[PDB]
Amino acid sequence: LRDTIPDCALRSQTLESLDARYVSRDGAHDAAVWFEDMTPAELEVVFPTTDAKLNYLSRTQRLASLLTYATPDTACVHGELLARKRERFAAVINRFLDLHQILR
Amino acid sequence: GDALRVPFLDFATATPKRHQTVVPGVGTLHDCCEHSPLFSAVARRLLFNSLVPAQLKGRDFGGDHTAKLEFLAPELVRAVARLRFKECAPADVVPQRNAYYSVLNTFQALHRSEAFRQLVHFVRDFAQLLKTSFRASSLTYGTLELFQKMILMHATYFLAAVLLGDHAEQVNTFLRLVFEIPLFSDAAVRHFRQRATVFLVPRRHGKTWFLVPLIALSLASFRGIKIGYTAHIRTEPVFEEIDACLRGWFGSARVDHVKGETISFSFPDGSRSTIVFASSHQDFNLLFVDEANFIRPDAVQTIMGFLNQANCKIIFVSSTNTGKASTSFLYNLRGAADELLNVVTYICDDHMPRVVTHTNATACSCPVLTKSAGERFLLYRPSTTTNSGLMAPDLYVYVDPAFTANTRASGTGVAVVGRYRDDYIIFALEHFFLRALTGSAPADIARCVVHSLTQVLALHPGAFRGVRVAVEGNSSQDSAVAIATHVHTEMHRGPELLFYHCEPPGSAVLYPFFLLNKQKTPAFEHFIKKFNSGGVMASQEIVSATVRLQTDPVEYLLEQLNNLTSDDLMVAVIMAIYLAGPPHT
Amino acid sequence: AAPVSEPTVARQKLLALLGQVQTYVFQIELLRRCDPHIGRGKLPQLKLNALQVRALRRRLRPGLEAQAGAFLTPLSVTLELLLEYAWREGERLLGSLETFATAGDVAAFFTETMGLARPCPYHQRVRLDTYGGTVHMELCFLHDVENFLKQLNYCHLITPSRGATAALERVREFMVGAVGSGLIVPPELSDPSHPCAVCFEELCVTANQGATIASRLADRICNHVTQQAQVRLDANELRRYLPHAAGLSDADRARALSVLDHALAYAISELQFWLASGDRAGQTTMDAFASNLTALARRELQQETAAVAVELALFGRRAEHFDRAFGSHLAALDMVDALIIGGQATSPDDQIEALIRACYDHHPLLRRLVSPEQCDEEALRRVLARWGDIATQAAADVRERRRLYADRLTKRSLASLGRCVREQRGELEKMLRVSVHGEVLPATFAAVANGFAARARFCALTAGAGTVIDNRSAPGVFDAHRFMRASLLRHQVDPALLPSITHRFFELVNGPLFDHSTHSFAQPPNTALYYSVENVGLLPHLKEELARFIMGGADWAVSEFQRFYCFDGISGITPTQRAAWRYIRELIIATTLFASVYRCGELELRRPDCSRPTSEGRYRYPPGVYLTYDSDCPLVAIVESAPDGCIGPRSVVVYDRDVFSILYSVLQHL
Ligand SMILES: Nc1ncnc2c1ncn2[C@@H]1O[C@H](COP(=O)(O)OP(=O)(O)O)[C@@H](O)[C@H]1O
Ligand code: BEF
Ligand SMILES: [Mg+2]
Ligand SMILES: [Zn+2]
Ligand SMILES: [Zn+2]
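Chains as they are written, first to last, in the authors' numbering: chain C, 13 to 82, 96 to 129; chain A, 38 to 176, 197 to 291, 294 to 340, 348 to 432, 476 to 602, 614 to 685, 705 to 719, 723 to 727; chain B, 2 to 266, 306 to 403, 407 to 429, 485 to 650, 655 to 772.
Simulated from the structure, these hints should not be mistaken for laboratory data.
Careful: at least some of the hints might be erroneous.
[Claimed, not checked] Straight-line C-alpha distance at most 27 Å; calculated DSSO-like pairs for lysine-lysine:
1) A:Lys480 x A:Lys318
2) A:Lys649 x A:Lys638
3) C:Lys110 x A:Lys390
4) C:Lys110 x B:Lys528
So that you can see chain C by itself, here it is in the shape it has in the complex:
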């Protein structure tokens, strides 16, 4: 039941070499389904909560999904959807403010 992290510990050895030498071998038993912890410490001091980490992960996703749609594909129907959604949300928030301005 020896774990994979205390099995191989050395220099780069590009991933396929490790796959060939350690786990693709048929003589192995394939125990040790223990994953590892990949999130760093410099990313926990500033986002110290799964909620805050998820919010930041969503903010950067919403930004990337704007930078890619801003060689001449020029239609990229996802881009037209993302422009229609923004131009709809703008009008909707403006009318939501204006209506309650009028209700007084």
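Fit chains A and B with the ligands to the known structure of chain C by using the hints.
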């Protein structure tokens, strides 16, 4: 109950305790696994799939499991049984085991609640009695119609929240499963929890065939809960039928009743739930109002008073006929209400949308612009006189003339529109009717449009650099030209005035009229799309001289628009907007 | 009561493994935005996890392969998607971090990982390949995958098995890229205005005050294929968590808290361009929204400065994540483009509250808004109880029409006002809040693949096990087929049976997705088919030809001699379905007449889409004549299978293309 009795599954992990959470059935997982409904809604259903009894999995569900939720191939189970985790942290094994077994003990304690045993004895007994189509079996199928399932959901989701309050989330999920409607937004399931809901079933569709089994099984399963009931003409058939079925599929020694009055079902204890009948005129919790279109006063007072209670759900299941479909007592309620009454109709709003709900009809018994867009349109109007910076500097005016008098289709339509942000806004409307036998119909029409424009100009001074005017010439080219000429001259008393011009076929002349033909379908198509998405609105200070002595101009326009499938104003509005090839000076 | 069935422990192990894989794919979606100088530090952990996923989807690869071919389940589908996407992203992130340290460029690494230069990998083709023509669409969004799956369930009675499996593989290959993240659902593929299959099922069921259901599917945000997850984030977040950080020396932690305490000591300008009606001078709602947004900007900038300072104190390096390495492209966006995306120190709920604390202030209408239940209650109570002159006249009429408009907005239309305000608030919340994912796509994918793989598995499983007496190869089967046809074309339909044909017809024209007739709260096949037919928008001139397709010596002998389930002549999607309906009605009426003339045995006219597997690999196909929807071997009659039920050594079956040949071979064998 099988998935509740599972051992620890040691299952070591690397995430710090400051993040990990305890999902039931499984060990301790990172907090992200509680935010993703992809895994949460699976680890939550494979567990509640054990509380659901074996008589509520379906007709064909598998041997001894809900095979469409818990099925592992005979090769994947043998390849999974050889998977082994880190299995431990000796200083950290005991707390995780304690937490997991504590959550599972909470679940098991939920399994043993008497009030939950009653809800099970209700839903299981109902799905079992329904197998025989509610015959007199002591205890080809009896499929429920749609509303005959909505009534059951309305009763069960209420009595669940009333009898079992300390288990809101768990019983909510259990009922979502048992009705075979999982992945339902909690807004709908919450709507099921409401009281005082109204039904409207057509006769001979089945309302008493389903009520008396509902009444009988809401009596015999639950304990100590009364059940109201009221009708105008003295309920005797339903009462005798309830007596019959209860004495049939339960011990007749248990039922005790006096004719036309309280029926009571016995129990080992002194629970003795009752069906006291209020037809002949405390805590009821059902108050099944069986007829709600024929009530006499001094009998509505008990119903208005029971609304003051917090445990009664007055169900207004009342029949309709379609000869009196617009009941003087309920069909008006659909005006000012929100998720209160649900009609059971097969010929919907229009004269013949029946082909839509045709397949929905019982087998035994054998609008271009959306309303929301119209309500939003009239409901919200932007103030143009104070948001002039949002407007484009061009006005577009379309005149759709009719050159007759003393006719209902003799109205001239005029619209003055512009761009507002990237949307379109109406500044003025006219529905103008020639005085009979005037000598100057074009000038009368011109004076009407000029007066409208002027008012719009005065309300927004300095806003507009251009006004572009189209006079439809389909009716008469000469008469359209005459209108343009009078508009031209009168406006000569700043913004530049430009007319749309048309070079008629075979001609080299550019006339100041507009010919409506090939551009109609694109114009209408674009309008419908824009209007429906909230992109066309009316100015809060919209101008109209001709619609100022009987109805609101926007309300009037909307009545014409709702004929899309006298149209002068609709055409002018749609075409003015379409206009907003180059028109010129 | 001690031993629990081994499948239950295997399912618990699979749930734990799915949770671990989800955690790993969350760490991955984190390291795709972290500084490469830190990705190089976490390189060994990422390599170890990639090795783990590789060695993991080889112990489950034959298992999941056998599973896909036998009754897929939401757990298995979700696990396959997560394992495949985790493998993909692990290999890609490792490659992109090892490409770094050769270029040493951060902006390049971010344009690579976050996919800023990729050529839109969210396009796919299907090529449904039905009979009578092969219709091909293009999956782009998520609701498009949902629509295609519903379309396949609808036209399930024409498409063959292998074509359906090919289309379903090319759909799962797109779901791996879209539903693979399972946590953030990038906005390039989401259109909440499109209601999914469950919005219709929960709009048929909830209240409908008139308002034909086709008129309600236009306002719904559908809230199911992309949920909201309601993330909440405190104000002084890191200061709460810095004293108890992991692996920090007490001296460093103390001086870091000191630097934090010391350092603690949007596009608002573009609001005036918005259409703001009402009074211009004074306390208005647009100025209140501007002040709320300015306060939120102050909070976020303060948090960012504090974070930079504390990182300079603890590690000494101002880390460059995807919001600090692309701050040039950021901080230049408009008001709306900063509202949609933004607030790494706030939450979308904080933006919602900053808007609503500005709208709802100091006011009838708010009472209806806060509690609509009491509003409908009072409604029910009330129901039960019951040039110069031009300018001056313009000012006067605009005055008397603003007054009337405000009078309407305060007195009447309150139903419409409440509904519109609620819908606007919903359209706001669905746009701002963090969409995570939904549980509709794997559910429907499993529900459709189950039916198709079940048809294929029955076609392959009844191959042998006994006599396979075939009637598609015709020695003289004409002689015994025309006789039975003439013997059944003689009697009347006996309309006292139509309430059974009209049900056993919709029980076959239906699809495997919408059960709604085996729920144990079963609804008739009428509604069970109305769901699967109205969801996939059908022409109303076809919806009546479903209901009225049995009300009527022909019309139950429309098949030729050998070509019963054969659409060689016709082409299209509507006429192919019409011929399918003709053939199915013919089979049903033939079975009913055969029962009403001959008393040999029962047929019960079953379908292979039923017979879900038991605890392990057992199917027990009961006796009867099946439909099988296969143009190569449509009718399969199991005259007698076994004492247990499964197709065993004594399970003689009869293949045939010819319905009456089956009805004669059943009689001969029974
Ligand atoms: N889906 C159904 N399930 C069971 N019975 C049904 C169904 N549809 C119609 N029926 C039949 O309709 C009748 C019910 O009529 P009933 O509810 O008494 O009419 P009313 O609404 O006028 O009181 C019964 O004969 C019942 O068998
Ligand atoms: F359909 Be009835 F109440 F005669
Ligand atoms: Mg009757
Ligand atoms: Zn694209
Ligand atoms: Zn939806």
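Do the hints match the structure? See the list:
no.	hint	result
1	A:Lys480 x A:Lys318	violated (50 Å)
2	A:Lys649 x A:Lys638	holds (19 Å)
3	C:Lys110 x A:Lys390	violated (45 Å)
4	C:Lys110 x B:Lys528	holds (11 Å)
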